[PDB]
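Working from the sequences, and respecting the hints, build out all of it.
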Amino acid sequence: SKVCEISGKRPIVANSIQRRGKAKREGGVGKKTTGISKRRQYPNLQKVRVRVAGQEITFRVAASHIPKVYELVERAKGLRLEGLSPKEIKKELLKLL
Amino acid sequence: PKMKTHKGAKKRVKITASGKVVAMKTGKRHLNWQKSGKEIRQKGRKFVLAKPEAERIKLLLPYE
Amino acid sequence: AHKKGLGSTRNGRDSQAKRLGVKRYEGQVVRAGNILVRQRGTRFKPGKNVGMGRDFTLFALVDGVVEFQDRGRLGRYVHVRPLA
Amino acid sequence: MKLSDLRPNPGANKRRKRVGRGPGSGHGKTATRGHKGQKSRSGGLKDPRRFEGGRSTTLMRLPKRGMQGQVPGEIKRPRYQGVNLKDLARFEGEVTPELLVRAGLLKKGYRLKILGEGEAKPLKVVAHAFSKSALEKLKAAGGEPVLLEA
Amino acid sequence: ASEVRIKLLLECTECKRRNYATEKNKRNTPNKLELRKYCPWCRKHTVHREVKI
RNA sequence: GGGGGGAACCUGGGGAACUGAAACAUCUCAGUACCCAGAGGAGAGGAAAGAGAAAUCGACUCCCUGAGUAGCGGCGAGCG
RNA sequence: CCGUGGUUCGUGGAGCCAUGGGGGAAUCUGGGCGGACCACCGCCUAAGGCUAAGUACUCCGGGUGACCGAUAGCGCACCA
RNA sequence: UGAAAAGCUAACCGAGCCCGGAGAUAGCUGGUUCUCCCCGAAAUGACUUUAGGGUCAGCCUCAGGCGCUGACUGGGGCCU
RNA sequence: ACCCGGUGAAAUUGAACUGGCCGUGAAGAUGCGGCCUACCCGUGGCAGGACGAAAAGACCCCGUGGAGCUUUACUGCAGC
RNA sequence: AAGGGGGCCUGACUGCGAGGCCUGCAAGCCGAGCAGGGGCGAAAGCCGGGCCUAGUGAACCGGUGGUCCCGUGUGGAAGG
Ligand SMILES: [Mg+2]
Ligand SMILES: [Mg+2]
Ligand SMILES: [Mg+2]
Ligand SMILES: [Mg+2]
Ligand SMILES: [Mg+2]
Ligand SMILES: [Mg+2]
Ligand SMILES: [Mg+2]
Ligand SMILES: [Mg+2]
Ligand SMILES: [Mg+2]
Ligand SMILES: [Mg+2]
Ligand SMILES: [Mg+2]
Ligand SMILES: [Mg+2]
Ligand SMILES: [Mg+2]
Ligand SMILES: [Mg+2]
Ligand SMILES: [Mg+2]
Ligand SMILES: [Mg+2]
Ligand SMILES: [Mg+2]
Ligand SMILES: [Mg+2]
Ligand SMILES: [Mg+2]
Ligand SMILES: [Mg+2]
Ligand SMILES: [Mg+2]
Ligand SMILES: [Mg+2]
Ligand SMILES: [Mg+2]
Ligand SMILES: [Mg+2]
Ligand SMILES: [Mg+2]
Ligand SMILES: [Mg+2]
Ligand SMILES: [Mg+2]
Ligand SMILES: [Mg+2]
Ligand SMILES: [Mg+2]
Ligand SMILES: [Mg+2]
Ligand SMILES: [Mg+2]
Ligand SMILES: [Mg+2]
Ligand SMILES: [Mg+2]
Ligand SMILES: [Mg+2]
Ligand SMILES: [Mg+2]
Ligand SMILES: [Mg+2]
Ligand SMILES: [Mg+2]
Ligand SMILES: [Mg+2]
Ligand SMILES: [Mg+2]
Ligand SMILES: [Mg+2]
Ligand SMILES: [Mg+2]
Ligand SMILES: [Mg+2]
Ligand SMILES: [Mg+2]
Ligand SMILES: [Mg+2]
Ligand SMILES: [Mg+2]
Ligand SMILES: [Mg+2]
Ligand SMILES: [Mg+2]
Ligand SMILES: [Mg+2]
Ligand SMILES: [Mg+2]
Ligand SMILES: [Mg+2]
Ligand SMILES: [Mg+2]
Ligand SMILES: [Mg+2]
Ligand SMILES: [Mg+2]
Ligand SMILES: [Mg+2]
Ligand SMILES: [Mg+2]
Ligand SMILES: [Mg+2]
Ligand SMILES: [Mg+2]
Ligand SMILES: [Mg+2]
Ligand SMILES: [Mg+2]
Ligand SMILES: [Mg+2]
Ligand SMILES: [Mg+2]
Ligand SMILES: [Mg+2]
Ligand SMILES: [Mg+2]
Ligand SMILES: [Mg+2]
Ligand SMILES: [Mg+2]
Ligand SMILES: [Mg+2]
Ligand SMILES: [Mg+2]
Ligand SMILES: [Mg+2]
Ligand SMILES: [Mg+2]
Ligand SMILES: [Mg+2]
Ligand SMILES: [Mg+2]
Ligand SMILES: [Mg+2]
Ligand SMILES: [Mg+2]
Ligand SMILES: [Mg+2]
Ligand SMILES: [Mg+2]
Ligand SMILES: [Mg+2]
Ligand SMILES: [Mg+2]
Ligand SMILES: [Mg+2]
Ligand SMILES: [Mg+2]
Ligand SMILES: [Mg+2]
Ligand SMILES: [Mg+2]
Ligand SMILES: [Mg+2]
Ligand SMILES: [Mg+2]
Ligand SMILES: [Mg+2]
Ligand SMILES: [Mg+2]
Ligand SMILES: [Mg+2]
Ligand SMILES: [Mg+2]
Ligand SMILES: [Mg+2]
Ligand SMILES: [Mg+2]
Ligand SMILES: [Mg+2]
Ligand SMILES: [Mg+2]
Ligand SMILES: [Mg+2]
Ligand SMILES: [Mg+2]
Ligand SMILES: [Mg+2]
Ligand SMILES: [Mg+2]
Ligand SMILES: [Mg+2]
Ligand SMILES: [Mg+2]
Ligand SMILES: [Mg+2]
Ligand SMILES: [Mg+2]
Ligand SMILES: [Mg+2]
Ligand SMILES: [Mg+2]
Ligand SMILES: [Mg+2]
Ligand SMILES: [Mg+2]
Ligand SMILES: [Mg+2]
Ligand SMILES: [Mg+2]
Ligand SMILES: [Mg+2]
Ligand SMILES: [Mg+2]
Ligand SMILES: [Mg+2]
Ligand SMILES: [Mg+2]
Ligand SMILES: [Mg+2]
Ligand SMILES: [Mg+2]
Ligand SMILES: [Mg+2]
Ligand SMILES: [Mg+2]
Ligand SMILES: [Mg+2]
Ligand SMILES: [Mg+2]
Ligand SMILES: [Mg+2]
Ligand SMILES: [Mg+2]
Ligand SMILES: [Mg+2]
Ligand SMILES: [Mg+2]
Ligand SMILES: [Mg+2]
Ligand SMILES: [Mg+2]
Ligand SMILES: [Mg+2]
Ligand SMILES: [Mg+2]
Ligand SMILES: [Mg+2]
Ligand SMILES: [Mg+2]
Ligand SMILES: [Mg+2]
Ligand SMILES: [Mg+2]
Ligand SMILES: [Mg+2]
Ligand SMILES: [Mg+2]
Ligand SMILES: [Mg+2]
Ligand SMILES: [Mg+2]
Ligand SMILES: [Mg+2]
Ligand SMILES: [Mg+2]
Ligand SMILES: [Mg+2]
Ligand SMILES: [Mg+2]
Ligand SMILES: [Mg+2]
Ligand SMILES: [Mg+2]
Ligand SMILES: [Mg+2]
Ligand SMILES: [Mg+2]
Ligand SMILES: [Mg+2]
Ligand SMILES: [Mg+2]
Ligand SMILES: [Mg+2]
Ligand SMILES: [Mg+2]
Ligand SMILES: [Mg+2]
Ligand SMILES: [Mg+2]
Ligand SMILES: [Mg+2]
Ligand SMILES: [Mg+2]
Ligand SMILES: [Mg+2]
Ligand SMILES: [Mg+2]
Ligand SMILES: [Mg+2]
Ligand SMILES: [Mg+2]
Ligand SMILES: [Mg+2]
Ligand SMILES: [Mg+2]
Ligand SMILES: [Mg+2]
Ligand SMILES: [Mg+2]
Ligand SMILES: [Mg+2]
Ligand SMILES: [Mg+2]
Ligand SMILES: [Mg+2]
Ligand SMILES: [Mg+2]
Ligand SMILES: [Mg+2]
Ligand SMILES: [Mg+2]
Ligand SMILES: [Mg+2]
Ligand SMILES: [Mg+2]
Ligand SMILES: [Mg+2]
Ligand SMILES: [Mg+2]
Ligand SMILES: [Mg+2]
Ligand SMILES: [Mg+2]
Ligand SMILES: [Mg+2]
Ligand SMILES: [Mg+2]
Ligand SMILES: [Mg+2]
Ligand SMILES: [Mg+2]
Ligand SMILES: [Mg+2]
Ligand SMILES: [Zn+2]
Numbered sequence: 002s003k004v005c006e007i008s009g010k011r012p013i014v015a016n017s018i019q020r021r022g023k024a025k026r027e028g029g030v031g032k033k034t035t036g037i038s039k040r041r042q043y044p045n046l047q048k049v050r051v052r053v054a055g056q057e058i059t060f061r062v063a064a065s066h067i068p069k070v071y072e073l074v075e076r077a078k079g080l081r082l083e084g085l086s087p088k089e090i091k092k093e094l095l096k097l098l
Numbered sequence: 002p003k004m005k006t007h008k009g010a011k012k013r014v015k016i017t018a019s020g021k022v023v024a025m026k027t028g029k030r031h032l033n034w035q036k037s038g039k040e041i042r043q044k045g046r047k048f049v050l051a052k053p054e055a056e057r058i059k060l061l062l063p064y065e
Numbered sequence: 002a003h004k005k006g007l008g009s010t011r012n013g014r015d016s017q018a019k020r021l022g023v024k025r026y027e028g029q030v031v032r033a034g035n036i037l038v039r040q041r042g043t044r045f046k047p048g049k050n051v052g053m054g055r056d057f058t059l060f061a062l063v064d065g066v067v068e069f070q071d072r073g074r075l076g077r078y079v080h081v082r083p084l085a
Numbered sequence: 001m002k003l004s005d006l007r008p009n010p011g012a013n014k015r016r017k018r019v020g021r022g023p024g025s026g027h028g029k030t031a032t033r034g035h036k037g038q039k040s041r042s043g044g045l046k047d048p049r050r051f052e053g054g055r056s057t058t059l060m061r062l063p064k065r066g067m068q069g070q071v072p073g074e075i076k077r078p079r080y081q082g083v084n085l086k087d088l089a090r091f092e093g094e095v096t097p098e099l100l101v102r103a104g105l106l107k108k109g110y111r112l113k114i115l116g117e118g119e120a121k122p123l124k125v126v127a128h129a130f131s132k133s134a135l136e137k138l139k140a141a142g143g144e145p146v147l148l149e150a
Numbered sequence: 002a003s004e005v006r007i008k009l010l011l012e013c014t015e016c017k018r019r020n021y022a023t024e025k026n027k028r029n030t031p032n033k034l035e036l037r038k039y040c041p042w043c044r045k046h047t048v049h050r051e052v053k054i
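Residue numbers (the deposited numbering), protein chains in the order written: chain Y, 2 to 98; chain FA, 2 to 65; chain X, 2 to 85; chain M, 1 to 150; chain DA, 2 to 54.
Hints were generated in silico from the structure; no laboratory data involved. Positions of the beta carbon are idealized from the N, C-alpha and C atoms, including for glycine. There's no promise every hint is true.
Stated by the list, open to error - Derived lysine-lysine pairs resembling DSBU-like cross-links, with alpha carbons at most 35 Å apart:
1. M:46 with FA:26
2. Y:10 with Y:78
3. Y:33 with FA:3
4. X:24 with FA:21
5. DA:45 with FA:29
Stated by the list, open to error - Output of the computed footprint for chain M on chain FA, the stretches with three or more beta carbons under 8 Å from beta carbons of chain M:
6. 5-11
7. 18-27
8. 52-63
This is the structure in structure tokens:
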């Protein structure tokens, strides 16, 4: 999953640390790492279709910012937009951001 | 580059005023139920390392 | 070719050497506390100014000079004459 | 004295040793390294101050002792440096820590504790702390011990 | 030792410190061990009793 | 207005293993080599939701020192 | 809060800075921080951005070597 | 890729070639260059994932200190 | 193949003034001992020796070497 | 008497330890005597487990009971 169009969120490298044994916290000897390796964590990207200026616009955003998509529609209601291509519109909405 | 202190030695040993090297007596960490009082007591003290091993350890603590 | 059905050895061990024996002799000068005899049982018996430890070790109780003695059937003794 | 007249004292400048330059020199062939083995190789031995051929080392078999500290590190306490009366002879009148430091005695950033070694002159010594014996010894020779709290 | 010859502490009844450690056979002498022993804390003697090691 | 190039230097995205640990997996090598994007004669950083114990300092960067200290660490090798 | 990175910090009493996931405020009587947590006493003002110098480098120009002198010195003194 | 031989993949493939990490590592083998003078070993013990490698001791050497203490021999006790 | 005219390599090579026997010696001697034998130099031939050439033995063992393969070896990752 | 029986008992002590055996280190071993508070004995005295020599495991990591020494601005607490 690439980049969230609203928040700019994107996947990062994160480790998978594998441990073993009882925690010292619980009077154990202590945790022992049996392995470290890299994985990725993706943004919860989701698809949010939406209709601006009667034309249907489709965003791809993290779930986290979905309500911000709907904020943008609310704000672009005060705007000349008609006869613009769907891309033309989306580019304009993101300009409000 | 400049030398590093051996933290293992630094945590186990001391350099006296005259450069003697002292440590705790070994052999008291556990299994003591049947160790005599005398033995647990005498191991409670410090002892001066033999010269050869002593002088090896002093090299390890150079900024001491 | 060569290395045929040989064998093994059901024994083949021993204990560490224990360094027993007389450690100071007749006429030797000694400090109180000096070990005089390491032994098993009383191969020697403690005499004048000589004590015996739990493992039969004979040591001097005074500074002095070590002296031996065979009293026949009464055994052998290590003494320590003190010095004036 | 001429430039030619200049030379070091005998002993002040030795010729460096140069191994591996032939039979007569005395360090040839092997170059004082003897025959074969780890120690003869370039690179050579593991740090001989520690390593013992893989047996548990004498150092590592001794037991650790006392507070070893822990993150977030050490705790800043007031540091005290001692000075004895014996090293207070080179003074007259007041004796402030400010003097004692400006004298090579009192190490900077240390508070001043007077210790009791040597004999006392009747003076006003101002310190952060006093030895039991020093306090009274100074009082006996009549001097004026003042305790700072700053 | 063993499951049967076990290890144990002797606790001073006066001040609850454990000052000695020894053993016993559990099968042979199954009762707690009562014994007078010097207490360094109390600086006298004291009846000490067995306490699980 | 951009594109493409530039010896090294610079920031960012990704990122090894040999090796050391006298074996080895945590650890080390090392955020190194290398790949990619970008910046420019530099680049980065920069006007405190800072430091941290003094009723103190006052953006950042660079050098010396503090210091192989405080600490980190199969509390080992080592790191710092 | 969960999964991680950064720091001397390897899960450690583990804060602080960063954030992939979930829950989700307040506008100064508000918030963050001073190594779990709580009280006290203090420091700071997050979730917008810019900024010279001091620093790094050497394709290039110059100057200088108890630097080399054609098997040396750059791979190349020469039509490399 | 293989109608299967670990075959083939630019004239040697149980893991292509090039450049790079890179002077990987090598407790192994080999090599280590002028002269004269004085001394002069060891191939033993202990521990060692140690056994053709190491750490401590033993034996060599150099400097400073001590100064008859040395090997060997005579007399005399004691030990076996 | 051999001879004459023309052109003209190679592996190898410490240096060679390079005989036999019986002994000897690191146990398989042109090279040491004692005897025996042998005028100097070549050409065409044969392969018993020079432990002949070639390839730092592939067998064997050693190295706390490497690699490919296996699994109910350990630890991990993909995948589900 | 170190063997067999009985009486009373817990020295199968706490704080130390002159001096030695052994020995590469680290370990291991014997120990008179001093103080505390005890046991048995009329007493001298003996008692710091067992006639003696095997019956064992360094350090690291953690547990449990004490203590109240450190504890990150201060008092607690976490942790040592
Ligand atoms: Mg995308
Ligand atoms: Mg990332
Ligand atoms: Mg990352
Ligand atoms: Mg850990
Ligand atoms: Mg949707
Ligand atoms: Mg339409
Ligand atoms: Mg649409
Ligand atoms: Mg939502
Ligand atoms: Mg939410
Ligand atoms: Mg518009
Ligand atoms: Mg160094
Ligand atoms: Mg260290
Ligand atoms: Mg350590
Ligand atoms: Mg010493
Ligand atoms: Mg005990
Ligand atoms: Mg004690
Ligand atoms: Mg010495
Ligand atoms: Mg040093
Ligand atoms: Mg055969
Ligand atoms: Mg057979
Ligand atoms: Mg049989
Ligand atoms: Mg024997
Ligand atoms: Mg032995
Ligand atoms: Mg033997
Ligand atoms: Mg006795
Ligand atoms: Mg004995
Ligand atoms: Mg006699
Ligand atoms: Mg007689
Ligand atoms: Mg008799
Ligand atoms: Mg008799
Ligand atoms: Mg008899
Ligand atoms: Mg008799
Ligand atoms: Mg002159
Ligand atoms: Mg001159
Ligand atoms: Mg010189
Ligand atoms: Mg020489
Ligand atoms: Mg020589
Ligand atoms: Mg040579
Ligand atoms: Mg040498
Ligand atoms: Mg050689
Ligand atoms: Mg060599
Ligand atoms: Mg080497
Ligand atoms: Mg070396
Ligand atoms: Mg080295
Ligand atoms: Mg050792
Ligand atoms: Mg060591
Ligand atoms: Mg410390
Ligand atoms: Mg710290
Ligand atoms: Mg009572
Ligand atoms: Mg029971
Ligand atoms: Mg009582
Ligand atoms: Mg541009
Ligand atoms: Mg470009
Ligand atoms: Mg970035
Ligand atoms: Mg980078
Ligand atoms: Mg990028
Ligand atoms: Mg690695
Ligand atoms: Mg190394
Ligand atoms: Mg290694
Ligand atoms: Mg190695
Ligand atoms: Mg390395
Ligand atoms: Mg990075
Ligand atoms: Mg770094
Ligand atoms: Mg770099
Ligand atoms: Mg300029
Ligand atoms: Mg600049
Ligand atoms: Mg500039
Ligand atoms: Mg700049
Ligand atoms: Mg900026
Ligand atoms: Mg900025
Ligand atoms: Mg300000
Ligand atoms: Mg602080
Ligand atoms: Mg101040
Ligand atoms: Mg203050
Ligand atoms: Mg001030
Ligand atoms: Mg103030
Ligand atoms: Mg490290
Ligand atoms: Mg570190
Ligand atoms: Mg590092
Ligand atoms: Mg680290
Ligand atoms: Mg977190
Ligand atoms: Mg990060
Ligand atoms: Mg980290
Ligand atoms: Mg860093
Ligand atoms: Mg962390
Ligand atoms: Mg920790
Ligand atoms: Mg942390
Ligand atoms: Mg907090
Ligand atoms: Mg974060
Ligand atoms: Mg988040
Ligand atoms: Mg609020
Ligand atoms: Mg409001
Ligand atoms: Mg406020
Ligand atoms: Mg702060
Ligand atoms: Mg705090
Ligand atoms: Mg809080
Ligand atoms: Mg602040
Ligand atoms: Mg701002
Ligand atoms: Mg700038
Ligand atoms: Mg130039
Ligand atoms: Mg120039
Ligand atoms: Mg020249
Ligand atoms: Mg030339
Ligand atoms: Mg020439
Ligand atoms: Mg030429
Ligand atoms: Mg040439
Ligand atoms: Mg050039
Ligand atoms: Mg030219
Ligand atoms: Mg040219
Ligand atoms: Mg060129
Ligand atoms: Mg050219
Ligand atoms: Mg085919
Ligand atoms: Mg070809
Ligand atoms: Mg090719
Ligand atoms: Mg082949
Ligand atoms: Mg294949
Ligand atoms: Mg042994
Ligand atoms: Mg081996
Ligand atoms: Mg060996
Ligand atoms: Mg070897
Ligand atoms: Mg040595
Ligand atoms: Mg010898
Ligand atoms: Mg001398
Ligand atoms: Mg003299
Ligand atoms: Mg003489
Ligand atoms: Mg004699
Ligand atoms: Mg013919
Ligand atoms: Mg013809
Ligand atoms: Mg011809
Ligand atoms: Mg010749
Ligand atoms: Mg033959
Ligand atoms: Mg011949
Ligand atoms: Mg030959
Ligand atoms: Mg001859
Ligand atoms: Mg011959
Ligand atoms: Mg002919
Ligand atoms: Mg011919
Ligand atoms: Mg012929
Ligand atoms: Mg032939
Ligand atoms: Mg070969
Ligand atoms: Mg074969
Ligand atoms: Mg190897
Ligand atoms: Mg191995
Ligand atoms: Mg090995
Ligand atoms: Mg193999
Ligand atoms: Mg009896
Ligand atoms: Mg009877
Ligand atoms: Mg009977
Ligand atoms: Mg009986
Ligand atoms: Mg009975
Ligand atoms: Mg009885
Ligand atoms: Mg009675
Ligand atoms: Mg006991
Ligand atoms: Mg004495
Ligand atoms: Mg004394
Ligand atoms: Mg010893
Ligand atoms: Mg033993
Ligand atoms: Mg009594
Ligand atoms: Mg009686
Ligand atoms: Mg009585
Ligand atoms: Mg007893
Ligand atoms: Mg018995
Ligand atoms: Mg027994
Ligand atoms: Mg054992
Ligand atoms: Mg360890
Ligand atoms: Mg513990
Ligand atoms: Mg601990
Ligand atoms: Mg406290
Ligand atoms: Mg505190
Ligand atoms: Mg606090
Ligand atoms: Mg506290
Ligand atoms: Mg505690
Ligand atoms: Zn008590």
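Here's how the hints hold up against the structure:
| no. | hint | result |
| --- | --- | --- |
| 1 | M:46 with FA:26 | holds, 27 Å |
| 2 | Y:10 with Y:78 | holds, 26 Å |
| 3 | Y:33 with FA:3 | holds, 33 Å |
| 4 | X:24 with FA:21 | holds, 31 Å |
| 5 | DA:45 with FA:29 | holds, 27 Å |
| 6 | 5-11 | holds (count 3) |
| 7 | 18-27 | holds (count 3) |
| 8 | 52-63 | holds (count 5) |
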